[PDB]
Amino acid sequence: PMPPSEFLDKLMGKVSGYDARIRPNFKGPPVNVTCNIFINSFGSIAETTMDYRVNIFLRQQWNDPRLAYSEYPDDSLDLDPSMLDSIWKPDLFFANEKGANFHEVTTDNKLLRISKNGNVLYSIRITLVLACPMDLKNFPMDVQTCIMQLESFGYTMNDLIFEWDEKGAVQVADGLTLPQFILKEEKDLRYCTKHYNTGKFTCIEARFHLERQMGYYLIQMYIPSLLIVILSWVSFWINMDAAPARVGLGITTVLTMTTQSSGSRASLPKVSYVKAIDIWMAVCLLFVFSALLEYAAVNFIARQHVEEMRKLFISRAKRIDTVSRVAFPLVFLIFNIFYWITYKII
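Can I get the structure for only this chain, the form described as "open state" in its entry title?
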């Protein structure tokens, strides 16, 4: 006899003086709530909004001496979420929620079991859209650090303390991959204790290091910006002194270079500073604009101008072509060395 749901209504009901509005160990030491999470889903990391969506299993463990049964033979008593509002629960929240919700499909997704000595496991499923500030100084090569922090709202430090457990405080699902990022295995765990004019409130947080996948931006933004500089080096071969087509190749490789420089920031926040994709576009814009300034310098030296003088201004307008045909694969190559050593090391 003695089923658990009838027995546990005796443990927390009208008799035995249990009050769900009062924390355990009242007028004594604070409640030590230890926590760990299990990340089911991760991603949709937007940058116009600067937020990310996570789907976690928030597990909470504390001790409640009023729920310590002694004569019931089992070791754990589950509690379905119909009677979930009948015991004490910590008032945990996230300091960067930006909208969140539970999951209530076919049953309230809430887990609650009570051990013999009073250890209470409390596991719920939460979908969060957490805010993290994006630092985009070196944009295709940055390592973002987006955090999540777990505060108390109504209980101060002298009544309720949050801790991480030592046995794997952040678990990650097995095949959890990201379309644009990779989640590094080392996850920092530190304190974030807040001081308001109301009091000091407990806080624990977990950093997540997000490294980008450079392989996408190496296809769309780097190679067509490297192919268009080779396209601007075709103008050094067309008719070798003067043409109406070297102007047509000098203009047109600045046009789509301006479009690709403007199209590279189509889905980005309007940040105040210069980033890594800017000084790849705004330096390769010089290598396609100096190729048209050269033909403007050739067509002014060649068409300026006797017998002796004919040997002068023709050998001077050919010296501009056959030297800058090789000098631009030296200036563009010495920048391409300097660009990647600056950013791949950082």
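Positions refer to the first chain, counted from 1. In this text, rigid core is short for the largest set of C-alphas that superpose within 1.5 Å between two forms. First, how it differs from the form described as "closed state" in its entry title.
Rigid core superposed between these two forms, residues 48, 44, 32, 315 considered: the one with a C-alpha shift of 2 Å or more is 315.
Core-superposed comparison between these two forms: the Cα of residue 239 travels 2 Å or more. Taking the rigid core as fixed, one finds a CA shift for residue 265 of 2 Å or more between these two forms. Residue 105 shows a C-alpha shift below 2 Å between these two forms [criterion: core-superposed Cα displacement of 2 Å].
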The other form holds:
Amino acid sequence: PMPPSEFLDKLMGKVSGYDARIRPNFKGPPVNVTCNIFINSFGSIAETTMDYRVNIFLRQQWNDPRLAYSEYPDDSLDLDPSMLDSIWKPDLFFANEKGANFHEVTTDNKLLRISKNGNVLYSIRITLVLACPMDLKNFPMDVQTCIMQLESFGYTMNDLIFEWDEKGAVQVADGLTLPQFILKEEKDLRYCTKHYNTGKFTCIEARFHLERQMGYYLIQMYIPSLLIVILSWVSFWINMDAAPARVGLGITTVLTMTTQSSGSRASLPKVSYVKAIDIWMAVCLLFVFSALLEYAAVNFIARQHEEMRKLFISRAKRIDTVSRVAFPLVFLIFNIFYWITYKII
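I have the form described as "open state" in its entry title already, so could you send the form described as "closed state" in its entry title?
The text that comes after this line covers the one chain and nothing more.
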């Protein structure tokens, strides 16, 4: 017969009256475009910029009755990406792009297949820099949700309708990890249907649930700040008259709590509100601060000064034995109330 390249030029030439600027079923029912994505890459989840980049295969399927044929023998055709300007394609865009591009290395990474009844499969490769706003109030113990929504730009709801297909709407590649999160295998799929002053525009979205890993912040930040508060309680087991040994241990403990905290603020994100790790670094600073002021009272009671002089020594030995039990108890009450209120969420 004739080659498929010359048949598609016959099917969409100046003859037969095809126009790429006109949607199929024009002045009729709306075009139903069904979509699914294949995620190749996922990551660089930035938090100062509040975005993440993803690398997808965007597959679209619609019906175009002007592209139906019966004369060519084979049941499917494929159009070269150079001749792709002569197809009505949907004006899909991502409502939170924040930057995107195509891939055009060795060939345009684009695909088109026109079936015999007029079904059109259109698959392109996109790198997106999609934006998701992030809530770092409980920073190591947080769960993030980053959406991916797909609108139509120029056609309203009565002309073009997007849907997820009912067989695998979001696939993810196999060997795909993240430096700080894990990606759950549960994708919410829902409609949004944007309303502007311009009109009703269709949109569908896919949600991705991210759970931050914990093991670095425990070993590097929670456990070392825990041991410094234990070292601040060694002062209560050292006797009263060892005045360089008590304020030396008292201030070199608040210095190593300051060094532990200031050295780790470079690894933390740069939001301007209080996180959950920031409460821990500040409450553990109070337990080291309050253990020097304990000895400030003990050194002051034991110098006020006969049967009266043994009362002030007995009074200062009392508070040294109260705080020997009370500070591992008050810090335990905080250590229960901290981890319950950040694992109840």
